[PDB]
Amino acid sequence: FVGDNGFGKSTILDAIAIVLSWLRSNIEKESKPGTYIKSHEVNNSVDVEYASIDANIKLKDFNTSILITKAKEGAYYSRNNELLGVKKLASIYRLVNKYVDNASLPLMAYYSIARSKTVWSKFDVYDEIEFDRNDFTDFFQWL
Amino acid sequence: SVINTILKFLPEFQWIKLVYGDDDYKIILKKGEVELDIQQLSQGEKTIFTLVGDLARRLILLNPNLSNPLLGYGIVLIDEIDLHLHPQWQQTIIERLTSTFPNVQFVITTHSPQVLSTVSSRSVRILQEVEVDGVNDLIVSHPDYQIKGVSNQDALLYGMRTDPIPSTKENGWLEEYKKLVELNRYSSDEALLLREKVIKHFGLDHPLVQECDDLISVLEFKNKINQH
Amino acid sequence: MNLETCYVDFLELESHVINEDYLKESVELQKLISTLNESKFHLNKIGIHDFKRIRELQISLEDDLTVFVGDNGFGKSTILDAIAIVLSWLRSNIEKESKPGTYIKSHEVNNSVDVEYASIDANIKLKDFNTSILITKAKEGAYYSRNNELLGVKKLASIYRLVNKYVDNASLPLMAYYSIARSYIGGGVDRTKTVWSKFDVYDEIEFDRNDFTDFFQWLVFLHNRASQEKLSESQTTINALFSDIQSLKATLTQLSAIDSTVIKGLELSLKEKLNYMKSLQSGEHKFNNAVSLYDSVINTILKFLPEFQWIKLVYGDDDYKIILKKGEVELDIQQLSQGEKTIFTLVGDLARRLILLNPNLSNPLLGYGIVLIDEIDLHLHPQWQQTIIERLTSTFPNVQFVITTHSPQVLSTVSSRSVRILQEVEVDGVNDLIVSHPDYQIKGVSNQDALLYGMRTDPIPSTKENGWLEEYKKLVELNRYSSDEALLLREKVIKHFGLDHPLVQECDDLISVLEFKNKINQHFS
Amino acid sequence: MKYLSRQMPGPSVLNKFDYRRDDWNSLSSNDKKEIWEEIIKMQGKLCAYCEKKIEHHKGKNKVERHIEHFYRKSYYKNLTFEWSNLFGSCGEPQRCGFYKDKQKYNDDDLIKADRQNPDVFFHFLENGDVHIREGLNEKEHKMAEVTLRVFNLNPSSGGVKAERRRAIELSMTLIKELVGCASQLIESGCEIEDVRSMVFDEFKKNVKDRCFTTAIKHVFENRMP
Ligand SMILES: Nc1ncnc2c1ncn2[C@@H]1O[C@H](COP(=O)(O)OP(=O)(O)OP(=O)(O)O)[C@@H](O)[C@H]1O
Ligand SMILES: [Zn+2]
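Going line by line, the protein sequences match chains A, B, C and D. Count the first sequence with the authors' numbering and you get residues 72 to 187, 203 to 229, in order. Each residue of the second sequence is one higher than the one before, starting from 309 at the first, in the authors' numbering. Count the third sequence with the authors' numbering and you get residues 5 to 195, 202 to 268, 272 to 538, in order. Count the fourth sequence with the authors' numbering and you get residues 1 to 58, 61 to 227, in order.
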């Protein structure tokens, strides 16, 4: 993606991170809240009522779609988030890894900007999707 | 596995090891015939080192069954990849990233035109601002040419829609002198006065002056032929 | 009129006359102030010996702008750190006589076997007045000890203290340093001095986090003070303040009789009220309006952000909030991008420092000083890069800048006499640092030539397709282009680039002209 | 701009359309394809106004093109389906059609590529600027002053000027070599006329179907003795 300042380049990446957070939470445990949309992130126009995000994940031929929405002050909203599609995929991964060990899982990572059991013996933390660079001291000590 | 992954990412090094000296301990990297302390590396190399190290660490742990864990699946998002990087580093980061992990999907945003020249035109999106029916909204376009292998300024002009030549005040006399030359008015006193400023700022041997002199000679010969 | 001669003349005249009133109106004091005003402050030379990763180095600094270019492991920020050490001593002596500055700690010395000590040498030039300072530190257990030499710095700081002692509106030099951690500083996440003096700025040299909060408090206080000017309040307000001060004094007297913290707070409030009354008296004597300073700061910030209409302070929820109008939408500070936050904090801090350090100048943005900036091109798109230098050197023309860059676009807008290139050349098996200059003038040339000359790097990538194009070009120029191998290469080139690409068209033109040259020769043979 | 030689009319489905029916959006894709078949033939592969390449030799619908009417629809409604009012323009959102409709202007001071030769008014430069020729009367000077203003063909920097300069500088090698051979011929001693003829016809053969063909032609003829 190429553009100037104030053109929403970071908006797209934050939208995808929002979408992937719910899938990660469902993978860890069924019926777990993800990341909600902040109130200040809604458009400040006069006629806006709600903000919605839609996504599509294609796995070979299997397809799924997830929509997350939030309304600030509009009387009418787009019902609630449609999480039915992602729960089937989460249950598939839970089923495959429950019977047969040493399975495989998809990788999701997000190297953001400045801003600001369970293989924990190694000290690597998988809970946090976000990771920050220019932390060479910590990686040096880990090594 | 982690060390070999880092070595594969940067083939300029021979080996990396931790040495407990008589009093101290440090990590030593060997390239060519010279051994360098890990702390001697610049900021850009440190950033690359920790980025690749974290990616390898996650990939190894997530695929304990595969013989080569570097063939996993996933999606990685990187924002402002060209941060704290010399131009010589920016021209090879994409090829190495796309060759070390060949089964991962990448989403990248960038500001440097040097990175753009190494990316195929089928993976470029440009964000603009247009107004339709009185409402201003964003729009996404695509480059109209092939920008892989082209020079730096061609990539800047086509992939970013920006003027590659600055609009400095010193440039202002250059186009005026050129325009006077093209109108067969180079012998005018105004052109003679302006040439002093231009030749003083740039110099006799500058290539821009040389081409201007070549145009002067060509026009003079044409005028000589026409006069006869 | 040499500065030293007027300095010693005033020194010898001070001892004779004991009355301060005669001294305040003496002719010598007027001469000293007049010759001090046009004395431009600028550093001249610097040298480094066995400091950190640097073995030896000598650098000459321009008086208006200097740019450092080159990649290496020693780090160019070390050079800026050396300058930050030297200027610290100058600030300390101004605050108080013989106040210690910043020493060189033990571990910054080189770890090589054949080193004993580290030294830093600097020189400061003011018209025809030259001073030099050397700071050095030796390793532990060395046979000989080394000490710093602070004669010149102490002498220079004495002039400033002398002038500031008799005149309360003296102007002082500015020193600042913007490291790369300001990216976090300018985030402005959701985390009350009644009077402001020029000594507050001298607390620290490096830009820090608390500066943004001080900027907010200063802006709020300035707007509130300008509100009274807008209301055009008469002298009755001063009478009311005097009555309140008298009541506070009576309360303090009652407190003194038959609570140390309360007494201290009451004394501080009384001093602040007295300062406000003196400000009212200066208002009677007239001064620059707070409205003029308010719009001076607002217009200064708006000069670097052409996409914004206005910035205002809105009082809501028993608090203040900054509102910026972009296009037709009102926005908060926290909703801006990273680039605009960075520019907003940098320019706001510079404007606040310059305004506070020159209370007497009609236009306070014309003071002297030195500013060091690292990584000028952080979070800036190429359009802003080509204009940041011109705006920086046009808003503050009397300040000397030292900048390090990494982008050819920025480098294409600076003169070739202000560019120093650092290169590490291994001679006799030992790496040595050298400094060079660009071969040609680079101001106004395209960014490709600026990359080729100012940085000495190939502006064309080395991809596989480039090898195909180069090989095809060799065959074309070598005149045996008609071959099966060239046909195979050409099919690959057409497949990748396409037939309409300008690069392929250039090769076609080269083929056509070669074919025509023999035809025309045969026609008129 | 370049003079356009309109061929015999080919309105086809346009004739079937009725003024009273109107409904420009009611045209089907088949009619649009038929119109584009003739439009590409007459216009070449270049934009009418900015001469940026519009159709590339055959994955994506690159260089989006929109059909533009020379006159405004509101007040020349009688020419909504007129054959002579059809033109093809690029999709650039800052010039050409998308920029013509955003301003108020006099309709009697516009240059039409199918009526008058643009070469009389304009004169391009090597650096990429546009210079109005001297000696014209008041009305022609006003016409040339306004057409560039409305079409945004003369910006201060960047825009189409940068592209035109790059295109000019890429083709300068051929021009320099051709005049190099010309000089030789002349000096040596050969019928000027002949030389001329050739140096021209061949250049015209080698410059056909290229971006900004008039700017290159103007530069070449300026340096061609
Ligand atoms: N509540 C809001 N309503 C309308 N516009 C908003 C709102 N909050 C932010 N914006 C817009 O967001 C724009 C900046 O968005 P964003 O952070 O994606 O930009 P960017 O330059 O791509 O970012 P980065 O430097 O982080 O990559 C601003 O120009 C501003 O107009
Ligand atoms: Zn066009």
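There could be a bad hint or two in this list.
[Said to hold, decoys possible] Partial pick of chain C residues on the chain B-facing surface, computed with a CB cut under 10 Å: (1) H20; (2) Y26; (3) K28; (4) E29; (5) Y188; (6) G192; (7) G340; (8) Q351; (9) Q399; (10) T426; (11) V458.
[Stated by the list, open to error] Computed Cβ-Cβ distance ranges for the label pairs, DEER-style: (12) A:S116 to C:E320: 51 to 59 Å; (13) D:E84 to C:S309: 31 to 39 Å; (14) C:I447 to D:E179: 47 to 55 Å; (15) D:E84 to C:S350: 47 to 55 Å; (16) B:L344 to C:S431: 48 to 56 Å; (17) B:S431 to D:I188: 47 to 55 Å; (18) C:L258 to A:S116: 30 to 38 Å; (19) C:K487 to B:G511: 54 to 62 Å.
[What the hints assert, rightly or not] Sample of chain B residues facing chain A (criterion: CB under 7 Å; computed from the structure): (20) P377; (21) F414; (22) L435.
No lab work stands behind these hints, which were simulated from the structure alone. We put the beta carbon where it would ideally sit given N, CA and C, even for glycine.
How the hints compare with the structure:
no. : hint                         : verdict
1   : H20                          : 55 Å, violated
2   : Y26                          : 52 Å, violated
3   : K28                          : 47 Å, violated
4   : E29                          : 47 Å, violated
5   : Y188                         : 14 Å, violated
6   : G192                         : 19 Å, violated
7   : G340                         : 7 Å, holds
8   : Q351                         : 9 Å, holds
9   : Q399                         : 5 Å, holds
10  : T426                         : 5 Å, holds
11  : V458                         : 8 Å, holds
12  : A:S116 to C:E320: 51 to 59 Å : 18 Å, violated
13  : D:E84 to C:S309: 31 to 39 Å  : 59 Å, violated
14  : C:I447 to D:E179: 47 to 55 Å : 42 Å, violated
15  : D:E84 to C:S350: 47 to 55 Å  : 48 Å, holds
16  : B:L344 to C:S431: 48 to 56 Å : 32 Å, violated
17  : B:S431 to D:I188: 47 to 55 Å : 52 Å, holds
18  : C:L258 to A:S116: 30 to 38 Å : 52 Å, violated
19  : C:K487 to B:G511: 54 to 62 Å : 34 Å, violated
20  : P377                         : 9 Å, violated
21  : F414                         : 11 Å, violated
22  : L435                         : 4 Å, holds
When each numbered hint is compared with the structure, violations occur for hints 1, 2, 3, 4, 5, 6, 12, 13, 14, 16, 18, 19, 20 and 21.
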